[PDB]
Every structure is written in C-alpha cells, then in structure tokens.
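Novice: Spelled out, the chains give:
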Amino acid sequence: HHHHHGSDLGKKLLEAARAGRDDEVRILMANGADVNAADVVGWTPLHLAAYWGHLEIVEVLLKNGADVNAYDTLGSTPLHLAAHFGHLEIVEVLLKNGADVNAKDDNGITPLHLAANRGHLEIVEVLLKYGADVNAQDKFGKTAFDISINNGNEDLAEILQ
Amino acid sequence: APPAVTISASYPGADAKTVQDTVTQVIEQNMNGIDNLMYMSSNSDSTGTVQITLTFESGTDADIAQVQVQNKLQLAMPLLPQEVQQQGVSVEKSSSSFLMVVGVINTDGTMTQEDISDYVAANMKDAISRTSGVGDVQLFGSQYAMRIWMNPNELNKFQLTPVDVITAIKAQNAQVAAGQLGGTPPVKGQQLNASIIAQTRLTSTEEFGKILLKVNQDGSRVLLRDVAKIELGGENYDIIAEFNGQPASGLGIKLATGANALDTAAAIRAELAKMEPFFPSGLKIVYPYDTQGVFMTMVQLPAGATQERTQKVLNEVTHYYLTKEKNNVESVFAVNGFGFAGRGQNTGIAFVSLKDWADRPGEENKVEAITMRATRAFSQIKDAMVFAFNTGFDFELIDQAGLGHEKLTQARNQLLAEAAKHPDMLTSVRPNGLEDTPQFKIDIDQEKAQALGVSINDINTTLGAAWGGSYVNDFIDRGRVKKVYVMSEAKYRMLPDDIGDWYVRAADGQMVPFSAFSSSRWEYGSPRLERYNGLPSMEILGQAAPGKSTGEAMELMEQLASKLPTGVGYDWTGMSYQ
Amino acid sequence: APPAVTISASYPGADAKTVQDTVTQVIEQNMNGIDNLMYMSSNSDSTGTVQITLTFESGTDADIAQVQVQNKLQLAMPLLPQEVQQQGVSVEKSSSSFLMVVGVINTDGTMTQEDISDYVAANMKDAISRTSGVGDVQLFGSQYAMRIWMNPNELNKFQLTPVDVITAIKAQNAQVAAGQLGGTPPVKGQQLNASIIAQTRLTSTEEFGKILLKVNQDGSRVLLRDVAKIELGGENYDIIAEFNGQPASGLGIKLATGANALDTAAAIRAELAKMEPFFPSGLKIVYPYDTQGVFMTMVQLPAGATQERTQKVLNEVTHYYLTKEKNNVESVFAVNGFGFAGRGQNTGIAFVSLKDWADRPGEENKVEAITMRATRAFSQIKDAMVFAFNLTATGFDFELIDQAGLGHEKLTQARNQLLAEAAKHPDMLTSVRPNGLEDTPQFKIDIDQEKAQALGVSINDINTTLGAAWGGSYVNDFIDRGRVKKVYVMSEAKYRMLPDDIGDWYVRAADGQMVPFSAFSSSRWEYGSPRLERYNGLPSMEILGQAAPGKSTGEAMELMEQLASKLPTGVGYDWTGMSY
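Sequence lines, in order, name chains D, B and A.
If you count by the entry's author numbering, then the first sequence holds residues 6 to 166, one letter each, in order.
If you count by the entry's author numbering, then the second sequence holds residues 39 to 329, 569 to 667, 678 to 865, one letter each, in order.
If you count by the entry's author numbering, then the third sequence holds residues 39 to 329, 569 to 668, 676 to 864, one letter each, in order.
Since the hints were made in silico from the structure, they are not lab data.
Even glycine gets a Cβ: it sits at the ideal position worked out from N, Cα and C.
Hints are supplied without guarantee of correctness; some may be wrong.
Taking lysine-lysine and the PhoX-like style, the derived pairs with C-alpha atoms no more than 20 Å apart in a straight line are [stated by the list, open to error]:
| # | chain 1 | residue 1 | chain 2 | residue 2 |
| --- | --- | --- | --- | --- |
| 1 | A | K603 | D | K147 |
| 2 | A | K252 | B | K778 |
| 3 | D | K134 | D | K109 |
| 4 | D | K144 | B | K735 |
| 5 | B | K728 | D | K17 |
| 6 | B | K643 | B | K601 |
| 7 | B | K728 | D | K109 |
Partial chain D-side listing against chain B, Cβ under 8 Å, derived [claimed, not checked]:
| # | residue |
| --- | --- |
| 8 | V46 |
| 9 | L60 |
| 10 | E61 |
| 11 | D77 |
| 12 | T78 |
| 13 | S81 |
| 14 | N112 |
| 15 | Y135 |
Derived coverage of chain A by chain B (criterion: at least 3 residues anywhere in the stretch with Cβ under 8 Å from a Cβ of chain B; other residues may be distant) [stated by the list, open to error]:
| # | stretch |
| --- | --- |
| 16 | 100 to 109 |
| 17 | 133 to 146 |
| 18 | 307 to 316 |
| 19 | 761 to 774 |
Using the sequences plus the hints, can you model the full thing?
Specialist: What follows is the structure, given as structure tokens:
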C-alpha cells in the first residue's frame, strides 16, 4: 500500500491527475503509465485527484486498478483527503470501489474524524452507512462525537446520535 | 520610466502565509497618504521574505517618494513581529536590473565559497553600498554568523531544550554597561576614575562552546559544545555562486534611480582599488558583467525543486557556454538561488561576458545570434524555463471579495483554460508566479500540552528554533558585529520522523517528545502569495498572437475575465498600464 | 490656507490626563527646531485620543513640514506606551475640512450599520487612503474586530481572570514560523523539501470560542465561550451614521495640503468605480456632500452627555430638514459621535445636500436663507449648541495659558474670571465663550498597595484586570475573510455599567486564591477634564468671541488684553488663528 517513485510517465500522470486535464489522463493510462506512481510524499494520482476534487479522473484511475487504499508517508489514504475537503461524490466512489472506511493515519485519525471536524455532514452520513466505526479513537482518545462537542456543532452530534 | 520604491523585510523560518499575514498586509494597510502612488504590488515567500514594490507617477521625485514611504514604514514598524524588525527592513529607490557584478575568487583555492562570501560581506560590501549612485547591493552569498547546530538527543539527555540554549546565549554573550569607579557625581576627595568592564560579546567558537548551560546535581558541567556543534557559517545557505566553474562570491550592484551609470561604475572601481592591497593571498576581483558585450541566462525550475536540481541545470547552462561557445564567451558568473524575479531554492541566473567585439567577427558571433542560439539549445531542457536575453501584456487577476487563495487559483485556471482555446489571438498565456506545493501541517494538541504541563511557547520555540533557525543576538567576529543563530544540525531536521526526536520540558521537569502532543498531515499551500493594491492577486503574462495587435488581445482577455466567478476582478499593470 | 500637519495617536481606555501625560507631553517636548513653525496646539481626550496640530508659515512646503514633524516624532516613539504605538501613530498633511463625503447604504436593508461600516473599512477605505491628493480619511463607524465579551461570574467560577484570557488568546491565536523539512543547509542527497505549517491566525468566532483556557483537575474543559460571548464587532462603538434616516456608513475625505480639488475628487470616483461591480447585493454608494449646494450642521452637547441624548438632538435636526425643508433638501447624512470638535459621545454633525439650483427659485430658498432659518429654529433646543453654516473676519481666537505650573483647576478659575469680565462689557465684546469642554464627574479608584502585597496579588494583574474589563484591551490580530483585523477583550456591557460592578471582578493571587476588587481598593467621585488643551507645550484654554456691532477687532483684542493683564500671577495669553 506504500507506493514508490515512477518516472517521466509516472510524473506526467501525477501532474495531470492534479490539474484536472481529463484528456491527458486517458492518454497516459492507455500508453502504460503506472497507475500507482507515488511522489516524494507518497501521493498517488488518486490522492491528488481526491484532494483537488476531479471526480472523472478518480473513476478513471479506479477503472485501471488504482490502489483505492494507497498510503502517503503519514498513513493517509485518498478517502481521508476527500472526506476532509468535503468532496462528496468522490467519497461515494471510493467506498463503492473498496476504500477502507476505518483507515487510520499515523495519528489514529479516520476519515470520519476529518469529515466531523470540517462539518461535512452529508459525507459523515455516507461514512456511517459504509461501516465507519463511530467510536474510533485517535491518538488523543477523541471520537467524532468528542469533536462535535468541541466544535459545538449540534447538527453533527444528533447525526452521531 | 516610472520610479519604484522597494520595501524588503524578512522573517527567519516563516512560510509565505505567515509572512503575508504578519508583515505584508500590515505594511500595505499603512502605505496611505503618500503622494503620486500609481499602484502597489507585493510578494510573500516561503523563504520567509517579503518584497513590496510601490510604483509612482512618471515625473515623481524619487527622493520624495522614498522618504514618504520610509516615514510610513517607520510608523508601522511597531506593528511588525520583533523577529522581523530586528532583521532590519530596507527601503530602496532603484532600477530592478543590475548595472554591474563584482566577482570575487581565490586563485590559490585556499578559501571556500563560504569564506569568500564572508570576506566580501565583512570587508567589501558596506563600502560599496555607501558609494554614491549605488541603489541596491545583492551579496551572492551570506555573511558568517556564529552557528549553534543543536543535537536533540544530547539536549534530551541533559533535560534541556532550544529555549534553554537561547536563554543561556543571551545571558553569556552579553555586552554589559557597568558604569564607573569614581563616577559622577562623586564624593569629595575621589582620586581614581576608571570604567568598569563586565561581560563583553564573545568572539570565537571556543567561547560559545564553553557557555555553561547547567551544573548537574552531582557537580559536573554541561557546556553548549555538549549539546551542539559550533562553527562560523552563513546567516543562510540559499545563494551559492561560481565563476567559470570555480567557487566565487560577489556583489550585484543596481543603479540608484536618477544617478549616472558611468560615474557610479568609476566610483565603484576606485573603491575596489582601495581594498585590493589588504586582500588575503589568493583573492582576486573579476568583472563578469559590465553594462553590448554581455547578456544573462535565467533559470526557473518549478517550485519544490532543491538546490541540487537547480545546480544540475546551471551546470548544463555553464557547460554550453564553456564548450559550444568557447570562442565568444570570456566568462560565466552563475548564481544558484537568486533569479531575475528574486529568490528561491528553485531559481538561478547566469551572467555571461563575451570576448572583445573585434575577436568575434561576423554576424553569427554577435550578441543577438548567440542568445538566440542558446535559448534554442536550452529549450529542450526538462522542467526548467531556461532563456537567455538582453511585445506583450501584464494582467492581474484580483480577489475582490475575500474569496481566499484556493478559489482565486480555480479562477486563475478557468481563465488560462479559456485563453488556450483562442490560439489565434493569445499565445503563452501563463502565470508569472508559483504553484502550490506539498507542505507539512503540524497541529499542537492544546489539551495534551496542558495536561502534561508543557507550555505552548516552549513548544513553538522548540519547533521554530530547531527547524527554521532563530536569530538570538550579536557577537563580534574579528572586530565586526554579526549575528548568532541556533538551529538543528542538518541530520535531525530532514524527515518527518525527526519531529518525534525533539523533546520539550514540562513544569514538573519531565521530558516530553513532540509526538505526545502533536499530529501531522500533508497538505498543499502557496510558496509565493501575491498581492496587487492591497488585495490578493495572481499575475498573468501573455502576448498577442502573430498578425494581431496588443489592444485586440487585451480586449479578448477583458471579455474572458468578465465570465469569471463572482468576486474576481482584474487590472492592467507594468507595460499594460498605458 | 496656512498649512497644518497633524499627529494623531490613540490609547484605548485612557482618560484625558493619562493621554496628556504619557503621550502628548512626550511628543510635544520634541517639537522644536522645525522650520517655519508658527505655533502648535493639541487636545488630549477621554476618548483615549490625542491630536497635535502644527501650523506653518503660508508658502511653506508641506512635504518638508511633514518630514520634519515626523523626524521629531521619532524621538518620542520609543518612550510612548506600547498600547499607543500598536494602534499606529499617524502624521498627516491635510486641510482641516472635508472635500467630500462618500456615503454607503444598503437598499435591501439586509445589512446593519455595523456591517456596512465593516464592509467599507475592509474593502474600500485603504484604496481611497492611498489615492494621491487624499490627505485624511475618516470612517464614519468602525472596522470589525473579534470581540471577546467577558463575564466575571463565569471567570470567577473557574478561578480565571482577563489576564488568563489574554494569555490564552496570544498563545492560541498565533502565527508560528516553524521552518522546513529538508531546508538548507541539508544533508547532501535530500530529495524532500516542504515548509512546516503550525498554528495560523484564527478566522472565525467558532475558533475563538474553542480556545482552551484550562483543564480542570477532574478532566473537564473550560473554553473561552464558557466565560465570554464571542462576535465580530467594532474596534469601537462611538461612531454611528444615517442617510435620510436609513442606516449608513461612509468616508469623510479631506484634501492633502496643496493638492488639486477637482483632479483628486475624480481619482476618488475612479477608484470607487473599481469597487462597485464587487459589492454584495444591496450596497450602494451615495454622495451626500460635494464641494453652493451644501452645508453642515454642528451639534455640540455638554460633556457628560450620552450617545442616546445626542441621537435625539440629531433626530430633531434631521427631522427639521426632512419635514420643514423637504422642498429644498435632497438628503441629510447624520453622524453621531464625530464632529467639527474632533470626536466624543456628545458631538455629532449633519452634512446636508440641497436639490438642483433651478429646483429652488427665490432668495428665501438659497443656502444663506436656509441656514439662517435652520439656525434660528435650532436656537430653541436646550442642552445643545446647534447651528448650520456654509463654510468670520470680525471674530477673535484667544489662548489662555498656564505659564507657572498652576494646574488645570486654577487655569479654569482664571478662565471664569476672564469670561465674567468679558460678560460686563457688551459694548465691545459679544458671546465670549470657551471652545473646549467642562470638567465632569469621574470615578477615582485607589489601589491599596499594602493590601495587594499582603494578599499576594500583583499590581500588573490588578491594573490589567481593571483596564481590560472596563476599557478594553487590543490583544493581537486575526484574519477575517483574508484581511488582518484586531482582537479585543472587554467586559460584556452588563458587567461594567455601575460602580457596584467593580466588586464583581476577581483577580487571582500567588497562592491561588481569588480576590475581589473590593478587597484592595477604595473609590470616590471627583471632577476632571475630558479634553485638556495645550498651546505651544503649555496647558491652555481657547476662548472665542467676536467684536461688538460696529467696532473693529483690533480694539476688541486691545480690551481682551487689558482684561487678561489683571488675571492671577502665572496666567498669560497669546493669540492664535485669525488673530495671529
């Protein structure tokens, strides 16, 4: 799950997965490009596409066997990124294609913790729907309920129920 | 031309956003009541550096603009962070281009790149800077500081932090006012008067090394050399230069607005003639760029790129001139870390000096053909804009309603995508700035810090001092005042895992590692945030396509821009203001 | 047109005497050796503000006057209190009066006065301020700040004080320089280079709300929202503006000395045109005072008078123009808390704009006649000087001066003596009046240093608790919608209204015990000044009046001099303004 450095076509793909050029991603995939090319921080194209919300690319990479559960050097998966930045459709897509709904980064932080913290309520419900352990604790002992108290977002607290 | 006053300040170890929101915005909000200001633009960089350029109406007296600017900055000085003020803020009226470069080398190679840069900084720069007509002086290198390079394993072993080292350096590299024996007013019959001398500044690595951090309960001594390596080294390490491939330092000199070019360069040479006799053996001045007979070569890599990547591209550039253009090129003065557009790990410049005009006979060996041939030859280089030089439009995309950085980028991109779909009118429509890069976001858990009794100031000082460095106070190096810096030794600040080897001391005296109270993630952020007349902006360059007028292309851009999201405006500047 | 340079400083929560003795006197002592200086005057206000006006020979180059004044001010800057320096001292070279007013309203009524003032301050004021020819720019209102409104009951409940609050805000609303992974010099071969980002400025009431003040011994948490209310709100609340009765903010713009009025007004309209397309829905600029077509109405109540009292008088004025003069008057732009005088709770001003020249036929419908009737009708209002005028050469401007350290109370006595004699010579002198303000009740509180020490309560903790609660403290900056703005702690209004409230505030001692203010202080009423004046560095009191029907000023000055010559030892005089 921790992927290593590609080259030329691995670089080209990463750079294009980020900018949202849907054309060029399709070219490079057909021409052999490593779908799990990582960068210096361990971000595959699926990470990059999840972070900058390019849904089309996310489905395309998944069509070509991309690791839905790629880890970056800190334990953080593409679902983490999409959940955190409120990219709903990508969250659906990733969990539909096998994303580990309970993945913990090095800090014990789950996609639920993150969706919770940034108030992304629709995404929180979808994570719960697909198995998300609501009592998952990060390294400081915090659940996503504890998060909802500290933020004082009562909409969330009632969702967690 | 329209005169320009430039404010420059810095903040050791600060990211762009930090520089922007503690320095740049503050200064910008206080640039009011100044006469004849056409427009104001700024950069805030992840080098911890800000440059604000205030551009005035043509006809404006540059002395007056300068003074008015300096005075406004003076009244804003107390709103800035102490770290910024104590670096010294500069304000300058100069040309953006260099008038000349003064090269310095050691022909006996006795002195490294660093020793030459210090020799230049400590013995040559100030007198050049005080010569009349000299607007701005760029050292291609750094003056020495006393570098205290901390070891986090040894600091933990004796239950110490960077806070303790800093505290101890301020107490034991001190210069004390102690008054006099028989001082005024004195008693009647006093026979003796003499100054009392207490602590003076330290002058050597030896003296810093015996700073006494703490006496253990068993009697033994922990000295600063027990938790740190101690050497003279640059205030920073970002600018390294070569002259025909050998180590060099130098001074890039800019002409003060309105001064004489020729008089100014004679005065400089005369001042250089005064310092030559006192040079150490080996040191020699070389004149690698005199304003044709000269040109430059810019090297811009994409942001994120290290000193090592940029050096490899500069070597190819230097190589081509030293091999393919042997017969026309006398020399190449090449600088890694400074470029046409300011400063970064990912930029560089080469100053090229040609042989005598008379020994370069024929159309093909003149400046125009040489630069053209070189641009052609460097255009193949991968992930580097590399051009050689001696027309278009200048457009600012502007955040008019608090949109923020991420959304103004999306709007930038939406503009560029549309402009690429009209190649008949617009070509080479690009940002002039940089792209967001991965950065390391660390969150201090306040709760956990509090429960363990670890103070946030000790945490943030430990973090900053170790990973960005900290300007503690001054010392005297061979009779010249200079700075003292604590930072981590390179090897304990290179990788994410290294964070967890730094320990902080709690109120109860136990040592607590960073991992106990922090957590971290990667995220994207800007290494260069831009601003135009006080608001966030993004500068876009382009030209009219062939057989199309400048005005029609501008007209197209204005149309294109009207279709951007709510909150995004624009403006013309520089070459496009008229 | 004699050029004036003006220095302005601000000290939140300071009385007039505090300003005078910590800021104004320090600056003034360095105002000498300046070319072409005729005289210098200043006011030190209980609004926490000082304004020193330096007046120069006509013909004097204004850029040089400003350069020299500021050169001298730099000698005093390190001696000024840090709370002044942080507000930003200003030095300006402008006309004393407005060139124009730029009004801003919301035609949907979907934004408050408070919101409109913020929008103006954050998106509009600076660019106007940088425009060439713009000497001075007055916001009619206040930029938003983050306000933490403290509750002393909740603070005492958890053994906290405002010092704890301030300390926690400086720590958890911070912008940390954290360096880089893989920065220079590196280990040769390093591939990774990333900036480290740690704490950034907070951006929202939600984030301030959750600042952690303490963890109890039982593990529960005290957050700042558990001891304070948290909202965006003015740096201060002293300036409130209306346009035709509807909520408004705006910009009062004075012209820089020597600058062209036409050109400069045009640059302003041009800069305003850049802003319009990006306004939120409903926001609209209107133009209530251009520079016969216009006039102002000064409203001056006596010292002690609250904002509500001043509002009624402004309402009466606005009402008169909108009912009685509605066929002549296009618009009225009323500002509560700023005026001719400078600024304070008992002042206001109305800018009035008349309809087209040719929509007012007749002599009784011109500015002279209108302002005459307006002033006539306003004359009947009590506890208020109100008058209207167009914007003389039979008036005089007298300065009574303390030349022997007699002090404020004696200079007042001496003043009343001069005024009472001028009021027994109606043949030569008509309405001889002070220009300034009268002393008012003020609450004098003594800290018993002995009791403080016995209890182990520090004096800094006492003075900061008092100052911050009852006066307000600028803590640091935060970022509101990408603009740097201030953060202020202060008591919520409820808890700083009445003298018994002093006793509700606790301070923590060395040994951890909470001590009420009542335990180490005593209080009594007394009188003091809310505007101390000075003329050429000495305490002073400006006295205005005019000659009597027929006799020329020079003879009225001759009598004022005779009257003065009989005042107690130490009291002297001098002539300023017109009379110089």
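Novice: Evaluate each hint against the coordinates.
Specialist: Results of checking the hints against the structure:
1. A/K603 x D/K147: 66 Å, violated
2. A/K252 x B/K778: 37 Å, violated
3. D/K134 x D/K109: 18 Å, holds
4. D/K144 x B/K735: 11 Å, holds
5. B/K728 x D/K17: 26 Å, violated
6. B/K643 x B/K601: Roughly 15 Å separates the two Cα atoms, so the pair holds.
7. B/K728 x D/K109: The given pair, whose Cα atoms are some 17 Å apart, holds under the 20 Å limit.
8. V46: 5 Å, holds
9. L60: The hint is violated - D/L60 has no Cβ within 8 Å of chain B, the shortest such distance being about 15 Å.
10. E61: Check failed: Cβ of D/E61 comes no nearer than 15 Å to chain B, outside 8 Å.
11. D77: 6 Å, holds
12. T78: Holds, because the Cβ-Cβ distance from D/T78 to chain B comes to roughly 6 Å (cut-off 8 Å).
13. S81: 6 Å, holds
14. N112: 4 Å, holds
15. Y135: 22 Å, violated
16. 100 to 109: holds (count 4)
17. 133 to 146: Since three or more residues must qualify, the claim that chain B covers the stretch 133 to 146 of chain A is violated, with 0 doing so at under 8 Å.
18. 307 to 316: holds (count 4)
19. 761 to 774: Since three or more residues must qualify, the claim that chain B covers the stretch 761 to 774 of chain A holds, with 6 doing so at under 8 Å.
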